[PDB]
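Have a look below at one chain only, the form deposited without the partner chain, in structure tokens format.
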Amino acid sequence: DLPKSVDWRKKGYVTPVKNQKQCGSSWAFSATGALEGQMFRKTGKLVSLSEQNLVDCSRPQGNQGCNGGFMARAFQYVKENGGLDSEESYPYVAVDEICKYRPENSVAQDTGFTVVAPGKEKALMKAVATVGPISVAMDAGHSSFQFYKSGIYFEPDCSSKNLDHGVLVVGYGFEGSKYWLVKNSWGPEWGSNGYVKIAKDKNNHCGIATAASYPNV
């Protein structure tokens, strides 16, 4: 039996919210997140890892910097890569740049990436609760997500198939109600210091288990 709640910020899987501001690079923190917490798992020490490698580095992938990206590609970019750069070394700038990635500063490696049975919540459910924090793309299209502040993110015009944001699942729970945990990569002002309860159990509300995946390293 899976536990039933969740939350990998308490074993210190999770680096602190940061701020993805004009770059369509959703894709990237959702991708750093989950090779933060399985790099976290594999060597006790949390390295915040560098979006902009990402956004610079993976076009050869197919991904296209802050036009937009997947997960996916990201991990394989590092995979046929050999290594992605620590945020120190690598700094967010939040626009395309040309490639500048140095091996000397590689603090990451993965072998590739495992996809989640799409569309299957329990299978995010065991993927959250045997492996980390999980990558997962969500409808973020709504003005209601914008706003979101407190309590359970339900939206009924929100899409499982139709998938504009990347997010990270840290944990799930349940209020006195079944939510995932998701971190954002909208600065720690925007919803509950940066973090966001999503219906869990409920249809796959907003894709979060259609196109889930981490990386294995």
The other form holds:
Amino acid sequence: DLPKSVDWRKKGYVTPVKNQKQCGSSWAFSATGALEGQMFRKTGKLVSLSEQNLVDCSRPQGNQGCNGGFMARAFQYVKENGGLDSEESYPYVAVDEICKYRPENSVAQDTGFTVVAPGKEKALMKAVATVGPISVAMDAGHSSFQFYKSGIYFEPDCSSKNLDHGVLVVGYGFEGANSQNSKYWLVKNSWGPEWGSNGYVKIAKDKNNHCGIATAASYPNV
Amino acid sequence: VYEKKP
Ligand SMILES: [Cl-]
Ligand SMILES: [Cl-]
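Structure of the form solved in complex with the partner chain (previous: the form deposited without the partner chain):
What follows is the whole complex; the chain from before opens it.
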């Protein structure tokens, strides 16, 4: 059955927290985070992937670089493109630039992606427990989120349907000795390690799909 | 509940 808690950071699947800066590229960080987890599961090597490669090259698939995008379109680009470059070979500069994809520097691939369906928290829990980190969209458009520091985040103004930010669910847990209450999703953000709880946020779990975390979740197939 | 910065 499903584990009481999961934290893929403790298993080597997750890279250190990154910073998208003033570019609307959270979708690219969410997609490289999911791909980093799946490549690690497949090869045993954790290699940081290039968000800039996605920002600069995936316009044909429907992404708009620093003006926004979608994780599923990014996984589609990696499939059609045949690869994705490492973060070291194609560094992040937080502005839209010319596509400079280099096949010789590719370190990741995908054949498509799987959508978490239904858009229910229990389905997301199954996906997190069996696959690894999962890309998700959420409603991060709140001052309370910008100033979040620690604890379980809950915001009455949060929408489960109108989402504006891509993040990565790396696990789930609970506070205390009881696994069924004070539950939370472990979410990796892309605002730097100085934001939030070391770059992470605990989003309330089993509180009616709070902030939309299970509404548009997906992961690459590697 | 949850804490805010600093
Ligand atoms: Cl569109
Ligand atoms: Cl998406």
